[PDB]
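**Q** The lines below spell out each chain.
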Amino acid sequence: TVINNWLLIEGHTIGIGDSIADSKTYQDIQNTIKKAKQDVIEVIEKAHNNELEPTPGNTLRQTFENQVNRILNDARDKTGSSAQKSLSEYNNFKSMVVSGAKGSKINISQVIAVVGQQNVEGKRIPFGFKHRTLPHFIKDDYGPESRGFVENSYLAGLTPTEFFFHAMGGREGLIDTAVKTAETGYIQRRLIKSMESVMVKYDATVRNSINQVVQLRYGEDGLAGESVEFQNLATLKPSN
Amino acid sequence: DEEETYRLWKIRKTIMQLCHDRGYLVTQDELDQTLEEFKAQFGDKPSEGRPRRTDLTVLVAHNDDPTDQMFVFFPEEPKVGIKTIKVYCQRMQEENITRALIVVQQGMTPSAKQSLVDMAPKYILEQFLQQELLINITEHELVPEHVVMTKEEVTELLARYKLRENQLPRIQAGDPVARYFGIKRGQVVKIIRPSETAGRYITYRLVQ
Amino acid sequence: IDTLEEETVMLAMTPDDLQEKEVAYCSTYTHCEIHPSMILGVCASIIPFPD
Amino acid sequence: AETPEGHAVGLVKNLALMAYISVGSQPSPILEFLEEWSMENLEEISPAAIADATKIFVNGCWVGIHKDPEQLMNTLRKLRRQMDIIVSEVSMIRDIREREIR
Amino acid sequence: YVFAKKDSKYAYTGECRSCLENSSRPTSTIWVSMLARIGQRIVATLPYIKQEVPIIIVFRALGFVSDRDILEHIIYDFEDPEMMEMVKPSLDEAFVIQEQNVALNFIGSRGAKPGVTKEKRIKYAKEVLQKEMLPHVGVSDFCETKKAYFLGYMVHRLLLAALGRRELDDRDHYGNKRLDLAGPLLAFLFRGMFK
Amino acid sequence: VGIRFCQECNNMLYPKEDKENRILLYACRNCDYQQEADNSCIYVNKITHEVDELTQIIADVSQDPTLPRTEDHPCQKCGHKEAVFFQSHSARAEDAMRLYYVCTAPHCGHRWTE
Amino acid sequence: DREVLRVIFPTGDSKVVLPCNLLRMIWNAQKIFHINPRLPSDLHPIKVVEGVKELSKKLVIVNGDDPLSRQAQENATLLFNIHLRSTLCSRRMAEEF
Amino acid sequence: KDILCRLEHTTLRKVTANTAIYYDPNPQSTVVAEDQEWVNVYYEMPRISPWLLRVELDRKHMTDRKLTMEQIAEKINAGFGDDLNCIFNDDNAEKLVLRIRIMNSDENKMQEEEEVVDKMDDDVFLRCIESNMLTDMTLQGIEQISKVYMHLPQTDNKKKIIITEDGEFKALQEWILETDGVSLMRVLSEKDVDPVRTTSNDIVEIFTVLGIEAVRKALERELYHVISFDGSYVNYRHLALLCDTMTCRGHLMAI
Amino acid sequence: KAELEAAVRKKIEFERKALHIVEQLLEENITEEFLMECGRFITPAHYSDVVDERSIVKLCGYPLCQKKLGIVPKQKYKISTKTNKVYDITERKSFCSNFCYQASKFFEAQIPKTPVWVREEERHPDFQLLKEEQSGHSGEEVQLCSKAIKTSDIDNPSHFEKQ
Ligand SMILES: [Zn+2]
Ligand SMILES: [Zn+2]
Ligand SMILES: [Zn+2]
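Chains as they are written, first to last, in PDB author numbering: chain A, 674 to 913; chain B, 3 to 210; chain C, 665 to 715; chain D, 512 to 613; chain E, 206 to 242, 252 to 409; chain F, 12 to 125; chain G, 962 to 1058; chain H, 1155 to 1200, 1206 to 1414; chain I, 41 to 203.
Isolated chain A (complex conformation):
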């Protein structure tokens, strides 16, 4: 109550200009993205000239794939951080995030910096036509634009192929949501009907419906779980 009323005095909003970054940060993010582009380009040229040697264990294709995903995720995270470091104190997205109240800082990263690489089943966008992701790209294109790297923020807007790769990669979220809710409800019901008759008896033992000893003391120290708390031990760390 007292915060609602002080907020009548102070007010909170979110608008454009919270999503906009000064020209310094725009140049920073553009240069970060351009570096990631040319780094993936030189990795691709390595692969195309066989200077890429497979890291021990997986493949040469998986080596290239991991190297590229690494470059591109580093680009996305560097843009996100270099953006959030420019959020003024007068910015309301900073207000949202530093108190952890609403959204994640990755949401604001995408709003301000870069949407980043879209994945379908953990990998980059699959080659869904014959050897290309969309009929707009050349066959055998492993560049970041071809396989799903959205290099625009939501303020600058996604180009037509980024829009589609983003729809592709954001349908996985919608399907994962449904399958997770289903599996989770199942697991919860199974647990709840498994251990539902177990309860601390009057001699402190934890017993099940057949009056069989499950534990001789609850939690094997006998204490309720809500009245306990994290504490250090102080004789488990120093030297002799």
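I should point out that these hints are in silico values taken from the structure, not numbers from a laboratory.
It is possible that part of the hints are untrue.
[Stated by the list, open to error] Think about it this way: if two alpha-carbon atoms lie no more than 30 Å apart in a straight line, the pair counts; the simulated DSSO-like pairs of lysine-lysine are:
1. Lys337(E) - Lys202(I)
2. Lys992(G) - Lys874(A)
3. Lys1019(G) - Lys874(A)
4. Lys211(E) - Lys853(A)
5. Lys115(B) - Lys145(I)
6. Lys360(E) - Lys334(E)
7. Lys164(B) - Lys115(B)
8. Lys1254(H) - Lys1168(H)
9. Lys1306(H) - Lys116(I)
10. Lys153(I) - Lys115(B)
11. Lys153(I) - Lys1234(H)
12. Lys803(A) - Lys710(A)
13. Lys81(B) - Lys202(I)
14. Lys202(I) - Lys88(B)
15. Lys133(I) - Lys145(I)
16. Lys796(A) - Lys211(E)
17. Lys85(B) - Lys107(I)
18. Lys81(B) - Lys124(B)
Following the hints, put chains B, C, D, E, F, G, H and I with the ligands in place on chain A, whose structure we already have.
**A** Just chains B, C, D, E, F, G, H and I with the ligands, lined up with the frame of chain A:
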């Protein structure tokens, strides 16, 4: 070859610890002898050699009374059948001992094991594969400490907790650590384990 | 163009950008999008600024 | 974008705006044109010629082989782009690596 | 469509749902699979036949008795020694059968109605290969050197997949789909009612 | 490695052994046709199977619009400046990402990897 | 007791979960009684020792008079007592709290 | 990596570069020109079958597994005896190969109906043997462990946490293997494998090898890992109670 | 009564089968008809136990044979070139001679497969099988009639006149 000496030595080390746990007077030096002393004492050459399966056969006497002894029989045969278990029993008939322990390599046929248990009251015999003795499992990280409660101690337990044995948790009589301790139905194992909430916990399990 | 004839074609998104001489990406374009927003259905053509 | 959410996500879909579902046609005009454009049937050939020539399927059924599939695709496209014999909703794919014209 | 059966007993399977021009009778799927693992033999799962049939049996039931006259329909370049050794293991499972009528008998012996007479089983297998195997290729008394070519195409394309020379087919690709609107749905509903 | 075909019934010639001279025959099992082999090999399994893909790629792919062209890779045969590169994409040699070029000038179609 | 802890927690993670925040009750006490940390304390070290000794006997989870009941009691509060004796130390309660 | 290769399954197909069933009746003639010399090394003074299964093994794959063809011949006559001759070159020579010939059935076992049972020809027979003995000789490994990953860990949950004589905890970094496929009892009973560690993520294998209390503790460890993966936190009371209900009957009870 | 008598009946059956295995173990005092009346009791698994038990004692797993098994080969497979088959010697190692193996295998092939609890339920098909098995092992005693003594590692999937 040296590999079979290694396996014989490891199995003898596990059997020495297994007899020590069950409460048999095993000397400390015979409990931890490295491969060199095993070679020097037995031969270090299994094939064509003195360190045969037989002649490494231990007879250890219990700690409460040296009358109650136990053999551990390493048969030379890969598999073991009724004839050899019967020669083992008639050998145990002399020097009047009743516990034996057969360390087989491939195991025993179900009829042979069924004949093993029908000698229930006078010759308690029991079989161990080699593959199970190449490691002491009671020295694993996951395996807590098991103690075997005497009958007076389990009586005192149930009279203190007002329990019936069918109210305790259960451990199968063919559990690896129940076979290790030679536990039979109706006996109670006491598992001491360290817990992160209380520090220590002593649960009990009834051998079903 | 149908969905399997669409794999032999080399589309452009816009004439104004894609078929203009530059540092060459593709120079064998064979078709062109009318407008790239014709990829959206009836209920998603109401959303303003969907990109 | 347009899909339901819940138990039918992704199973019910919607056409894009300019998407047109073709209504059907008859392959007989195309089959006659193909015969007339130096396509060899699957009876007047020796399976020794079928090797480096281009299969020609029409509606799934393998109909012949052609020894110049580039000029044939040019001709068939130029005809569909005038609606002479090939109506506009007729698909003509050329697998260059597979050597087929479907 | 050549897909890869995850496990079962077939490493690769190439199906072809066939339907005539005016869909008089429903589609009749034929499979041509390559067993997992002599060697990997090829079998043809025909409609109206309960067991798999060696592929060379189905090529002899069409009247291509010899063995060069069965690989000329399957392997268009004989100087490909890698593709020929894949068909070698299957020109052996059908080594016993060297004539058309014993092959037609071999097929009819597996039908839905295993008749009593060798001639009646031969005629049963004859009309099942003549009307229910690849009907889109033709249903006639001389559409046999076209069904041989098409079944050789399905076998050749299964080999190209097994040799890893062609990508397996995508089941979600929309080039591989067709939408039945009010026209096809209602015509399918009107065939039954006029019948 | 290859298939031999009979000369009377055109069925397949299977290998058999010639005892009296101990020489490898190829004999048909529908005739008494026999043929003294020249290979002395019956079966070759190539498990590692180093394959030439310069032989699977047909020059007709130089007519693909969707394929990337090049200029700094002239054909060695004809000296044509342009080419058309692509990758293998074959379940066997899909591991490497090697580029093959197919000269794009008509009548040449000379393939080469670098 | 330190050697015992080194057995229970062999990984060295000292963050445990115990039923009394002792470093916060010590703070509540420093505040309730206006403890001046700049002055000599009047708490006798022997009083700390004996007081925690008699406190550990009132924290009863398994009520005893019985050898196995006494052992179950000593186990049930083995970690909390180690804690209590290492925070209500006599050196800490005289130079830190 | 030595213990690695001692654990991981190595059949013969993973070692072979190529095979070839030649027809070679008189090995002194040796239709293959390269073998000819070292073959008479076995024929200076030692019947035989004319069909010859010649296996060219990969060299780097036998440098890795520390395999020598001596042991391959041993594995082969371990399953067939001298029913099936194997010949091999010396390893310091390039392209080590293995020449196999089904020796014979010596003079006895007469009067049988062998031509009646339509016996496979000798080439087809040697090929069926080559599949029967290529699918698995199992030259090394535990035949259930497909893949093995050796690596140094960084998370302190898998590092050797010792207590220095100073008295302080120290995390020793050292190699651990991660197999794929469980043969716990066979694995942790071999040399230079820590038996006091070396768990498994299969609680049925733990239950059969180590018992019900070990499966209780390991089941709790796996639940704790699954739950604390995404930085979550469930009190130990609840994990302990679930794992006490699941295993208080003597065996593993799914719920 | 119903399950109490069940316990006692199948336990007396257990010890009876035990000494049945023991009579089997005897180097002699086994007549052919003694073998008949004992195989009257023995089930498949029990006869497998018989052959394993005696094979351990270096005595032929077949009742009638008393030859000692002085040496046993280590190879698991025996490939024959007379006919072209790889044979699995994993049971033939249990016997001294080939005809003994075939005799024993035929014998347990003609053992009653119904469980011992309901085996003495019907002595009619039991003694049917008893005279059956006597005839069979007698044919095995006179001569072997087939040198295929080690099962068969079958790897031949081609069809013959399955038309
Ligand atoms: Zn011929
Ligand atoms: Zn050129
Ligand atoms: Zn015998």
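**Q** For each hint, tell me whether it holds in the structure or not.
**A** Verification of the hints:
For the given pair, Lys337(E) sits about 19 Å from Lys202(I) by alpha-carbon distance, which is consistent with the 30 Å threshold. Proximity of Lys992(G) to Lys874(A) is assessed by CA-CA distance (about 40 Å); at most 30 Å being required, the pair is judged violated. Pair hint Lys1019(G) plus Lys874(A) holds up; C-alpha atoms about 22 Å apart against a cutoff of 30 Å. Proposed proximity of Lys211(E) and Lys853(A) is supported: the alpha carbons are some 25 Å apart, at most 30 Å.
Distance restraint check for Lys115(B) and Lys145(I): the Cα-Cα separation of roughly 24 Å lies within the 30 Å cut-off, and the hinted pair is therefore satisfied. Our distance criterion of 30 Å between C-alpha atoms is met by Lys360(E) and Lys334(E), whose separation comes to about 25 Å. This hinted pair does not check out: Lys164(B) and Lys115(B) have alpha carbons roughly 38 Å apart, beyond 30 Å. For the proposed pair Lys1254(H) and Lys1168(H), the alpha carbon gap of about 16 Å is at most 30 Å, so the pair holds.
Taken as a hint, the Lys1306(H) and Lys116(I) pair is honoured in the structure, with Cα atoms around 27 Å apart against an allowance of 30 Å. The hinted pair formed by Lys153(I) and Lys115(B) meets the criterion: a straight-line CA distance of about 22 Å does not exceed 30 Å. With a CA separation close to 39 Å, the supplied pair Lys153(I) and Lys1234(H) exceeds the 30 Å bound. Pair hint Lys803(A) plus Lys710(A) holds up; C-alpha atoms about 24 Å apart against a cutoff of 30 Å.
Distance hint between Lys81(B) and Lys202(I) is unfulfilled; the C-alpha atoms sit about 45 Å from each other, more than 30 Å. For a cut-off of 30 Å, the pair hint linking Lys202(I) to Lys88(B) is broken: about 55 Å separates their Cα positions. About 13 Å separates the Cα atoms of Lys133(I) and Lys145(I), which keeps this hinted pair within 30 Å; it holds. With a C-alpha separation of about 21 Å, the suggested pair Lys796(A) and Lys211(E) falls inside the 30 Å cut-off, and the hint holds.
A C-alpha spacing of about 18 Å is found between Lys85(B) and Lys107(I), which places the hinted pair at or below 30 Å, so the restraint holds. Between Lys81(B) and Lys124(B), the direct Cα distance comes to roughly 24 Å. Compliance with the 30 Å bound is thereby established for this hinted pair.
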